[PDB]
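Between the sequences and the hints, there should be enough to build the whole structure, so can you do that?
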Amino acid sequence: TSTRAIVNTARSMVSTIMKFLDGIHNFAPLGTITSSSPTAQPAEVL
Amino acid sequence: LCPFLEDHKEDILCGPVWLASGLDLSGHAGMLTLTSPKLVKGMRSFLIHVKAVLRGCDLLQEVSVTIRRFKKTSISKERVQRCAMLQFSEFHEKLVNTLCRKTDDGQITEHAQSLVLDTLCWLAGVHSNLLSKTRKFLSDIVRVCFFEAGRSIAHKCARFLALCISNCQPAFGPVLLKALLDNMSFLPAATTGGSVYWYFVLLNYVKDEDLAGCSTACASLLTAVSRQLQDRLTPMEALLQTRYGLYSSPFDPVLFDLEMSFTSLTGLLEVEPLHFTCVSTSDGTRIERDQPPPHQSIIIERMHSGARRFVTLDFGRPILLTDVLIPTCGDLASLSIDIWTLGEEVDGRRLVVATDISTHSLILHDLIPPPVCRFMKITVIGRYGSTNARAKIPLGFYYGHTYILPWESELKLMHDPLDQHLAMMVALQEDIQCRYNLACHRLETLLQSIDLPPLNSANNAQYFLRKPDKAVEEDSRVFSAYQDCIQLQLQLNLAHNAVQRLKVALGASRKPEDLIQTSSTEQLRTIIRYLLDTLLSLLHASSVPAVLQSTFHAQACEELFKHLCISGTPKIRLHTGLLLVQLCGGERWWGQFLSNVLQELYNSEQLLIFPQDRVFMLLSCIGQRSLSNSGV
Amino acid sequence: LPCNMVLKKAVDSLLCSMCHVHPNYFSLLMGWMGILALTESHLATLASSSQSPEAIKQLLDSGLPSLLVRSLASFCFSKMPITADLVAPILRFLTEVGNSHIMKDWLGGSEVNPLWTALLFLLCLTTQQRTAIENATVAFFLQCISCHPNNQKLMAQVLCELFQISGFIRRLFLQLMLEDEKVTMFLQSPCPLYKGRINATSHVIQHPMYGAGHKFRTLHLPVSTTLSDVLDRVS
Amino acid sequence: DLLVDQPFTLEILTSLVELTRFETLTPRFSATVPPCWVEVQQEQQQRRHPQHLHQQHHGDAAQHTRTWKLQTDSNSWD
Amino acid sequence: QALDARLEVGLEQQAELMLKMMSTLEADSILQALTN
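Chains as they are written, first to last, in the entry's author numbering: chain A, 3113 to 3134, 3159 to 3182; chain B, 1170 to 1212, 1218 to 1227, 1290 to 1364, 1376 to 1414, 1420 to 1513, 1554 to 1582, 1771 to 1898, 1911 to 2003, 2011 to 2041, 2045 to 2134; chain C, 3532 to 3566, 3603 to 3645, 3675 to 3720, 3751 to 3790, 3804 to 3874; chain D, 1010 to 1087; chain E, 2565 to 2600.
Rather than coming from a laboratory, the hints here were simulated on the basis of the structure. We treat Cβ as the ideally placed atom computed from N, Cα and C, and that holds for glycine. Hints should not be assumed to be uniformly reliable.
[As the list claims (entries may be wrong)] Coverage of chain D stretches by chain B, computed from C-beta distances (three or more under 8 Å per stretch; other residues unrestricted):
| no. | segment |
| --- | --- |
| 1 | 1024-1031 |
| 2 | 1034-1048 |
| 3 | 1052-1061 |
| 4 | 1076-1086 |
[As the list claims (entries may be wrong)] With a cut-off of at most 27 Å between alpha-carbon atoms, the simulated DSSO-like pairs for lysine-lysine come out as follows:
| no. | chain 1 | residue 1 | chain 2 | residue 2 |
| --- | --- | --- | --- | --- |
| 5 | B | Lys-1330 | B | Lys-1995 |
| 6 | E | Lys-2584 | B | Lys-1430 |
| 7 | B | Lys-1330 | B | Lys-1383 |
| 8 | A | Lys-3131 | B | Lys-1959 |
| 9 | C | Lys-3624 | C | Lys-3675 |
| 10 | B | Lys-1313 | B | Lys-1210 |
| 11 | E | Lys-2584 | B | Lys-1380 |
| 12 | C | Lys-3821 | B | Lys-1962 |
Here's what the structure looks like:
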């Protein structure tokens, strides 16, 4: 029953294909940082 | 004619030459070689008349003039001899006959053909009846010069044909196209890759005439050759392509072409890598290393702006320099190359000056009068408006021969002067054969234990996602053995081509479907590359799409994809795919073709070994470029 | 099936096992191939299925190995038509059947030792054919003398006769004598041997007598390898 | 007598090629030009890439090459 | 682009320029075809 009721989260050939098509990672540098206060100093340096 | 020239009509020695005809690649520069048979038939003063039919000559910022005389030769009545070469038609016909090896039982030596080509090139330059002879023997001239001779002969014939094209006679372009197409079927038997390079350069330029004929010829040859290429793939080559992305044939000793980089040096198998030692340098600059010579670069501690520095390279002997390549260096504004054998101030020659060396790499390809220098001065001028303290300028690569032939060193056969080796080369070739066989055996034994799990289960997918340590070590060993095999294959092909040079100095000759059967795999791959590029340019220059539909239909397209895209090299795969999109992407069966290919190649019952990832990337690209076709 | 295909190797292992259970089946096998025009697939199947004592005995008593060796010797010095393309397949067939010690003794016997000199004379043909024949001959001699003192003596005699060093001969000497001899080690255990295995799919089609599963292992190790290293390769 | 009529051995072909070769005029020619064309010293033109070391064997442009820059006069376009 | 200066002496400089222009035109045509 449990085998029926779960899907394998282990990576499979779909992940392998994604890798073929090119511990945790900081994604803050890729983002854009804004503030609701119009007078705030730009926070991109953060 | 203009009023001045009408007044001086009888005094004309070189007919009016369009200024644009003298242009250089830069677009705003150039040179006219004012010459004619009348100039040769004579012996103190001249007039250069420049008339515009800012406006006209006002756009001519700067002009310069030089005069060059004929070399002083011991031959008696040399002026009468030159009159003789220029006048008599029998002379041109017999030159053509000897070039075509249709005289004296075809025992004309390659050096003899080279001299005949020199004479023909001089004649074509002087003139602009010889054109009639060239057109009548065009097929045979092309055959002998592009499919049975070396890179140098092919380049010289390419120059001769260029001069002929530049010339009330029938247009030479169509006739050259017909000759090239008639010889196309012999491409599998072409002797050297550098020769095929010039052949295809000429064919690509002259294809503008009779586009349909060139298209059908290229398509037929490509279809014929792709089957043979696919039939020659071995399971080991498939394994190397798939597991490692290595597409060379390490177990096939025969190469066909070597390049460095129609934008790269070609035909480098016929020449040797030239080693050199830094002997003198300007200021505290030096060279550092950052068979082929190690990559070397000039380190300059202080570059400044517009500052000249120089490095002197000693090859250790007078070397027949034939090819040079210097990587583009943005740190300098210009690069000058001078060459001298005895001394800089004794026999110094300016080899080249490159002013766009900052935005283009320096490429001297197959110097037709190859210098016989020994010492090489590279003078680099730092970039203007730049004060980068330290500069690292890649010296580049230099090729040629370390064994000058008696005629190559001959100082009387040049413009503006200032058997034991064969035995040794054959011994070296045999040594390299043995070493390369040992390396191939090593690679074979290592690959026979290499296994590629199919991508049909999660465990194999994880194997590919995280390559296990033992797999990593096996791949490292395979890469090392494969690199050894490729280096030894390159050395073996270079040694074979040097041995052929020596046997060609000595009287000797270099050599339909059986042709394709007997061609080497690398020769077939080079032919396929050139044919695919020709077809792509054909479509770009587009009735050529009207033809290529009798061929390259659903079945032909599928066969071509299977033969070239699955097993071909990355470039062959890419170009075949893009050609197929441009040709059949708008066809109704196109989407069915893509789905059928996907089914056949990626269904789990397929045992064919191929680079699934690369073929899938190709399929995605092809489908994206044909997504306007509703059927995809 | 095409030759060298792993599926064909597995089917041929099944044929080998069936012949080992029913030796007469091998005769039927030899009957179905005509034991003349033997294709490379015929040679592969026969070599694989003949890897049993009874099967190898019947193969020798059929006269096919003798006919092959005589035809190869006739080809080299120039009753079956032999072309340069069949030399490498026949040499590979002889190597594969020489996996057996009986065929290894036969290959070094008086009837076969002329073939060694014939091969060396022939090599010391198209370039691809020459390369294939050279590789096949190196493999054939490596199999014949592999841990075989008598065949080692025979090959030493042949090489001394040849010498009484470049090209094929230098490569042969380097590969055969200046490389460590490799022996096949067959390890059985009452418990599984898990070390050295990869979870991914791998088709190792060896002779069926080497078993299957985790309790059997087959290694190809230099004779210099210490037994401790052998054990470390499996535990 | 003439090389054209003789058989094309390596000697005859070499003679013909030697006939076809060229050299640069060791002494520079003199030139008279319209006023709008104004000469420039060859050392100036080759300042970026000097040939002074080659001057010994008449390789510099000062011995065989003349140069003029154009002044955009009224009839300079003509 | 960066011709060898020795082609100036003979009558083959224009021919070599035309050959290089041939090669460059073919390269540009191929690049444009690949980037449709």
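We went through each hint and held it up to the structure:
1. 1024-1031: Coverage by chain B holds here, the residue count being 8 at a Cβ distance below 8 Å.
2. 1034-1048: Check passed, 4 qualifying residues.
3. 1052-1061: Since three or more residues must qualify, the claim that chain B covers the segment 1052-1061 of chain D holds, with 4 doing so at under 8 Å.
4. 1076-1086: holds (count 7)
5. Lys-1330(B) / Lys-1995(B): holds, 26 Å
6. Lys-2584(E) / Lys-1430(B): holds, 22 Å
7. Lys-1330(B) / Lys-1383(B): With Cα atoms ~13 Å apart, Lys-1330(B) and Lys-1383(B) stay inside 27 Å; holds.
8. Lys-3131(A) / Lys-1959(B): holds, 12 Å
9. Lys-3624(C) / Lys-3675(C): Since the Cα atoms of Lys-3624(C) and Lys-3675(C) sit roughly 22 Å apart, the hinted pair holds (cutoff 27 Å).
10. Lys-1313(B) / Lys-1210(B): holds, 12 Å
11. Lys-2584(E) / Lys-1380(B): Satisfied, since the Cα-Cα distance of roughly 26 Å is no more than 27 Å.
12. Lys-3821(C) / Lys-1962(B): Roughly 21 Å between the alpha carbons, so the hint for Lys-3821(C) and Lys-1962(B) holds.
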